[PDB]
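Participant: Kindly produce the complete structure, drawing on both the sequences and the hints.
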Amino acid sequence: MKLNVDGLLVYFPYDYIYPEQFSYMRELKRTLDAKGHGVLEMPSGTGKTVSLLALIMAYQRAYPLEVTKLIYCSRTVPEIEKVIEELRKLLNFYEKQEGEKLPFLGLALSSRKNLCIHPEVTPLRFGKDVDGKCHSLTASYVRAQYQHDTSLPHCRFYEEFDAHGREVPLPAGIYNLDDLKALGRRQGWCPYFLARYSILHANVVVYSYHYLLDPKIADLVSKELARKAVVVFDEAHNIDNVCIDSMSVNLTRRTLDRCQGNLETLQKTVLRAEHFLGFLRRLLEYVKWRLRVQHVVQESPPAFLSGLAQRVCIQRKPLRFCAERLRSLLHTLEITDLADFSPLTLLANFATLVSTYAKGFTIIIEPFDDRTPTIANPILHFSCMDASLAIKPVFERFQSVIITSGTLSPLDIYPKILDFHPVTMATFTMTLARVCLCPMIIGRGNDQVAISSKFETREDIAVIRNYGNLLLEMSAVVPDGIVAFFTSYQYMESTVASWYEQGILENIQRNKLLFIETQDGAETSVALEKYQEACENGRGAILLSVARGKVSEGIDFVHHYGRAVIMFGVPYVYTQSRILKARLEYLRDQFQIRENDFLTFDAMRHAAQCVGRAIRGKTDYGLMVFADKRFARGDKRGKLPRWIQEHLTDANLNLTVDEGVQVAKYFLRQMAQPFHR
Amino acid sequence: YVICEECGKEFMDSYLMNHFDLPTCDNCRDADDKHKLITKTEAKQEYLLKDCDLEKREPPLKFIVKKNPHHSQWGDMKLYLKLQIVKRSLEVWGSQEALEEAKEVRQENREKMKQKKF
DNA sequence: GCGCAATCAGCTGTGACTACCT
DNA sequence: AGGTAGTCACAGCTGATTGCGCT
Ligand code: SF4
Ligand SMILES: [Zn+2]
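Sequences listed follow chains A and B, in order.
Those letters in the first sequence? Residues 1 to 272, 326 to 730, per full-length UniProt numbering, in order.
Those letters in the second sequence? Residues 102 to 219, per full-length UniProt numbering, in order.
Bear in mind the hints are in silico, worked out from the structure with no lab data behind them.
Calculated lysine-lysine pairs in the BS3-like style (CA-CA distance at most 27 Å, straight line):
| # | chain 1 | residue 1 | chain 2 | residue 2 |
| --- | --- | --- | --- | --- |
| 1 | A | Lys445 | B | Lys163 |
| 2 | A | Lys412 | B | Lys167 |
| 3 | B | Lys168 | B | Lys157 |
| 4 | B | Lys168 | A | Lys689 |
| 5 | B | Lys179 | A | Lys469 |
| 6 | A | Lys412 | A | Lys223 |
| 7 | A | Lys223 | A | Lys133 |
| 8 | A | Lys689 | B | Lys141 |
| 9 | A | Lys412 | B | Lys168 |
| 10 | A | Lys634 | B | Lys179 |
| 11 | A | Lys507 | B | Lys167 |
| 12 | A | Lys133 | A | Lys181 |
| 13 | B | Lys218 | B | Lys204 |
Facilitator: Rendered as structure tokens:
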């Protein structure tokens, strides 16, 4: 309906508005009037997007000059499509409640693989070759030679769009990615090119994080779109982590082998300007020198270029001209396809980065590999350490950047992890007619022995027996599926092997089916499918996985799937690889971040992220248990999101297994009753 | 620019200013004796300063987090500027006055408590 | 070495028992 | 010849100390 905020009226598709949504709208309006950044935290995956879009539309209607462009960067494609359809529903509601259209355009952006119409490039599953084939089919030289009408296979969507799609605009009508593809195929135009031509004359547009955090494409996709713009990174509780992936690269034997294989072909094509032809030839030997050197670790981000200029005597300046070479020299060479050429581009980017960005980075070499530690595997990592570098460009170009997700419990660490000036410090806890979740921390077992997953007690028989007993007698009270998370794959497999050795895993087997998540994508998908089908009927199942796995965030356990989520010990990231410790030292000497505090923050963030996916929707309910006495400590409970703290009473913070089972039984029995709206 | 309290030479940035907001250049930085850094527990024990007096009384007292040589995985040591700690103690307890008798009667009461427990 | 939780000192409420002046 | 401040028991609270835990 029409919500009347202190200076505006906003239409909302749903007549009923929860108090949390109203408070969130008030806070967001306050932030927009404050013309500053901020961070938000909500406990509901759904209902946030509709409120955000409604308030954005209301603010644009009230202040067209203050806000011109809106960005809703998300994590993956399902989020993009669901927010697109939510925006479509909002626009339909506005049209049905008002009666006249408005000149608002909404489009979704993705990779060229997602948005393409050629049947000769869709079937392949090479994300690094679609762009190369697209560039080969249509480019500046293609347009130049189209004047003579050369008889060669090439894309023709642009050859029609440039003469027919650059004149007619799209003032109204929000289009989804499939809608854009349909429009392009019916008009004979490329969806990507029309999207590029239409972002300038557009109201809202959504895409993924990689189009803003990666500087190589953010500038091209957003340079002078809007000085005064609003961007939001929903579900970005691990944003800093992916920020590291923005400026982290790895080198292996395959990359250098591919480079040495393709440089011969490049030289053969050339002999059919010289400032880089001879420059590139001797670049590989300097980095292959470390291959023959058997050393543990070398750290010299500033002195690496010094070693480069001592071994080969090259100035630092021409490295800065490598990047501009990519758009200049390569287009003269007429590369048939970017395949067997990506390692050269990534090496050039790495050289440019180390020449330019070396103040808050670190070069690491690791002679270690999984199950083949020291045979042949020197891995070079230009690992990033400060998340501010990946976040400065968006903070200096936008006015009200908002970071929101389902788990942002410490609001004082993000503003100091990366350069930020929050003005919000706001948390929201969902409320319903009844308590939909019953978090509890189970400490010592029936033997009055702690079940903490300490490194010195990982192989202890007593804690393994207690975990097995908890999983057994818990599986008989909560039906249709339990999702259990372990610290790591090694610990998980050792624990299940120990359970198999004893006559305890068989007892769990007859209650629920046991499913194990592995690194294989197809195996994980089929295991998830069989778990879902087993939970559909009354058989019930247990899904055992790891907190730091692709299955932790790739799926959401909707109601009746995973009524119970079990955390076996505090999930702590491994301190090896000399990657975590470098970040700890950088945070200590730069941001004055305690190492123990950061480790606890990361562990509790992962635990909350993997435990908060059991509550999707108001009608949904679930159980959340932590099988570690360390969770009972205040410094770790304080790291849980506010919407879980108030439901975690002090009565059950160190209760044993039997009382936890009784609490679970009582909660499920009282939650099985019908409720109202 | 920033005028040093010792030499008076104008400078833009200094180590003490960045970490403790102290207008003292690195040339005059007597970090050995005048600008000695002590652990958080040591300051609390010697100067009888509580957390509120260290974090909530204006101005707030900053600290430098450093690794513990005894154990890296243990709690990292927090170092406060000794001059700032002394100034805060003087502002809270007045001076080198009867606060000494206060700590004397505190330890006397500790002895009284232990003998009463006996 | 730091941080969280266990412990005691001091004061108070509630109800009842007891030793000197109109 | 007839009545109330100390005193005792058993609880509460808050204001510090004070030994215990460490991927
Ligand atoms: S120009 Fe568009 S339609 Fe043609 S190959 Fe590239 S992405 Fe596909
Ligand atoms: Zn000086």
